[PDB]
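Q: Given next are the chains, with one letter for each unit.
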Amino acid sequence: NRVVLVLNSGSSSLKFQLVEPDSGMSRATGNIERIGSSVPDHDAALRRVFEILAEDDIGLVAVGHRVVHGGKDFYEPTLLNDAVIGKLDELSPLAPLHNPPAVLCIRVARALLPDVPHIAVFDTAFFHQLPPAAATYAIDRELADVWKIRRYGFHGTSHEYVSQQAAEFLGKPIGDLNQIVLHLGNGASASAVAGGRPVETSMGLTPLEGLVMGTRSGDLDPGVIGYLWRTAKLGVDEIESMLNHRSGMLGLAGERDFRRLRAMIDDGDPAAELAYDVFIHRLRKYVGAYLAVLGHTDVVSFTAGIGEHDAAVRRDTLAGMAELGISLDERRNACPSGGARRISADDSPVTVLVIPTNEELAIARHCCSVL
Amino acid sequence: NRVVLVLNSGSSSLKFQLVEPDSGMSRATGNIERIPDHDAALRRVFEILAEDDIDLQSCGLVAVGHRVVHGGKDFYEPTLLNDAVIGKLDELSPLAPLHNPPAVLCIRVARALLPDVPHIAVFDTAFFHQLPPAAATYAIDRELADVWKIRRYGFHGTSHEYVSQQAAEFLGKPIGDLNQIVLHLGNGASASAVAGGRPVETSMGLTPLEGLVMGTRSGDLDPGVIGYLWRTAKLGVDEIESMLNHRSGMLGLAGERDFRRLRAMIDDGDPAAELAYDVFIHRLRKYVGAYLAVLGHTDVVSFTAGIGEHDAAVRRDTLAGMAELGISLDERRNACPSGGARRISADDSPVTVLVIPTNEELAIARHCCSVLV
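Protein sequences, first through last, are from chains B and A.
Mind the numbering: the first sequence is residues 7 to 42, 46 to 67, 73 to 385 in the deposited numbering, read in order.
Mind the numbering: the second sequence is residues 7 to 41, 49 to 386 in the deposited numbering, read in order.
This is chain B alone, in the form it adopts within the complex:
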C-alpha cells in the first residue's frame, strides 16, 4: 500500500526508485544518465522521471533524499525544510563533488512535489558513533578540530542494513553478535560491528580510503600526493582526480567489471591478474585487521554487486583462513542464487553469509521512522 520515493543525484545522473516499506516490493526503478545533451538540467531530469513513471500508470507518504556526507551534525533521518536545507549547504566543503547535487535535488524536488514531507538520510550517519580511537586520524589536533577532519565512513545505510539482516538470518539478537560486513560494489568498503554498534570502517574523511575499488586507489602512502606534486609537477586536483577516476582496477588493468576481468584472467592477461591479486590482498588484510579489532567474530557477510555474485572473490578472500576461524564450503559458495544464504563450512567457527543489500528499502523504512 504505502510508498516512499528514494532519490540519488550525481553531477550527471538522478537515480530513483519507488518502494513499499511494509512489504519490501519496489514499484518502479530507474536512473536518468548523461545529464549536463538530451537531458541538460536537473529540473529536466526529475521532469523526465515523471514521463517514465507515467508510461506504467503512476500512494505516496514521503520523499527520501540520499545525501553522502552528514558531517558531525547530521546522523539521523532528518525532516527537511528551508532552515535545515540552509545548514546542509554548509556541509558541502566536506564532500565538494558528492553533496551539492543532492542539495540541488532537494530544492528541485521539494519545489516540484510539495504534497509529501521530504526526509534526508545520510551515508555517514551509521558511523557517527565510531569510537574515538578508530575515528581519529593521528594528525595535528587543531587542524583536525578546526577543519572537522575525522574518519566519517560511508556505505552506512548498507552496513547497518546488512548487519540487521545477518542477525535475523542467524535468529539471534543483533546485540549479541560481532560481525564483519564487506560491501564490494563500484565502491567497496568494510565494516566491523560489535553488538549492532559499528567499531571500524575502511573509508575515511572521503570515499577514497580503504579497499581497492573500480576506479579508486583505496589506501595509499600519504607521501604519494606530495611526490607527484613536487617531482612530477602535477596539480593537486589532477592528482586527486586520478586517485578517484584513474586508479583501482581501471588504473591497474584498464577494466572495472569483475566478470570482464575474469575473462581477461582466463585468457592469461598478466595485468588483469596482478590487479585482481592486489584487490584480494587488500581485502584479506582488512578481514584480518577487523577480526583483531573484534577479538571474537560470529559472522562475515558479503553484499553488493561483486559480493553477491563473484564466487572467485569470496573464495580467494577467505582461502587459507582456517587458523583464524573461517572455512568456506564451495558447494554452497559456487552455486549461484539470489537471497540471503550461508556459504561457510558447517564446522567453521565463523559463519560466512551472502546478504543482498537494499539501500533504497532501508532508506524507506527510516523515512517512516521519522513520521
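Because the hints were derived from the structure by calculation, they are not lab data.
There may be inaccurate statements among the hints.
[As the list claims (entries may be wrong)] Derived DMTMM-like pairs (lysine to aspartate or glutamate); straight-line CA-CA distance at most 25 Å:
hint, chain 1, residue 1, chain 2, residue 2
1, A, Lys21, A, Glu322
2, A, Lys186, B, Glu337
3, A, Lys162, A, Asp96
4, A, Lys86, B, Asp361
5, A, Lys162, B, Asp291
6, B, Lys162, A, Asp283
7, A, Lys162, B, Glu269
8, A, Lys247, B, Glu156
9, B, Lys247, A, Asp87
10, B, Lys247, A, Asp159
11, B, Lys86, A, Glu287
12, B, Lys247, A, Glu156
13, A, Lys247, B, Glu104
14, A, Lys247, B, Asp103
15, B, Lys247, A, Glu252
16, B, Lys247, A, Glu104
17, B, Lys162, A, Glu269
18, B, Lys86, A, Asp291
19, B, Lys247, A, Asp251
20, A, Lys186, A, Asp87
21, A, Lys86, B, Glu287
22, A, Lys162, B, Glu287
23, B, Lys162, A, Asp291
24, A, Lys247, B, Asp251
25, A, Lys162, B, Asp251
26, A, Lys247, B, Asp159
For this one, chain B is given, so just place chain A on it according to the hints.
A: Just chain A now, with coordinates in the frame of chain B:
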C-alpha cells in the same frame, strides 16, 4: 680483532659506531649532533676515536659502512661504492629528497679522508625489494607508477631482516621453516610479515610515512585529507606533508612523543595522552590482524626497537584479547625487567611471542663483510 666503522648521516647529524662483526662487540659508539658541516663532523669523530686511543689508519678496519635510506629499485644489496655507483645514487634522491642527499654527501667526505679502505653502502629498503607484486603495487595509474617508480618500498629493512634471523636462531628452527611478524616500535614504527625468511608485507610504503602511528608521523591517512587541507584549509603541499611528518603521531595528538612521559601523563589522567595512546594501539592491532591473515599460519611475533624492547604495557595492550587469533601473553614473562632475547607468550599460546633487541649497526657490519669474501 677486525672492525667496521658504521656511519649514518642526517641533515644535521652524524651517528657512528665501530663494530666487530665476528665479535658483535662495539669498540666505540657516538653521534655528532647539531651540524659546522659534514666535512668537520667527520673530522670531529676522528678525534673522539683518538680520545680512546683508537686510530682508524691502523686498527684492522676492513670497511666503512654507509647507511642510505632509499635504494630505489636498483640498489638492494650491500654495494661496494665507487664514483660511478655514487653518480647513479644522486639520481635516486627525488625518491627520498630529505633522507638521501645527506648520506650521499657523507659518502663524499668519507671516501676522501679514509681512502685506504673499501666503502660499502647498505640500503634500508633493500630487504623489501623482493615483496610480492600484489603487496608492493599501489592501485593507481600504471603509467605514472611506472615512470615515477612509485611502489611500496618499505623501510627498517635491516632491522626486520636481523630480527627475523634472530627469532629463528632463538627458537632453534631454520628461518626457511617459520612465518613471522616483526614489530619495530621506535621513534619511527613499522611492521613486517616474513614467510620462510622472505618479506611478504611491510607497513611503510613509498616513504616512511605510511602505516603505524609514530612519534611525530601520522601513519595511515585517507588520501583525501591532503587534498582537503589544500583546497579548503588552503595550506601548501609542503606544509601539509611537513605537518604529517613532524607535527602528527603522538606529538600531534598528545603534545608528547616519549612513551615514558606519555605513561606518566596517562597515570596522572591526561585525556589527550590516553586517546593518543589508544589511537597508537588500535592502529598496531589492525596491522597484527592484517599480517596474520596475509601469512595464514604464523609461528612467531617479535617486538623490537626502543618501545618494543622496554614497554611491557604497549606489548600487553597490543596483544590483549587475541586468544581466538592464536596469541596469548604471560604476564610475568612480559613484566620481566631483564633485557636480552626472551619469550613473553604463555606456554599455551600457539603463536610464540618474543622480544628481540635490534642491533642494526652490527647487521650492517656483517653485510659490509658479506661483500668482501
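Q: Can you give the numbers of the hints that this structure goes against, from lowest to highest?
A: 4, 20
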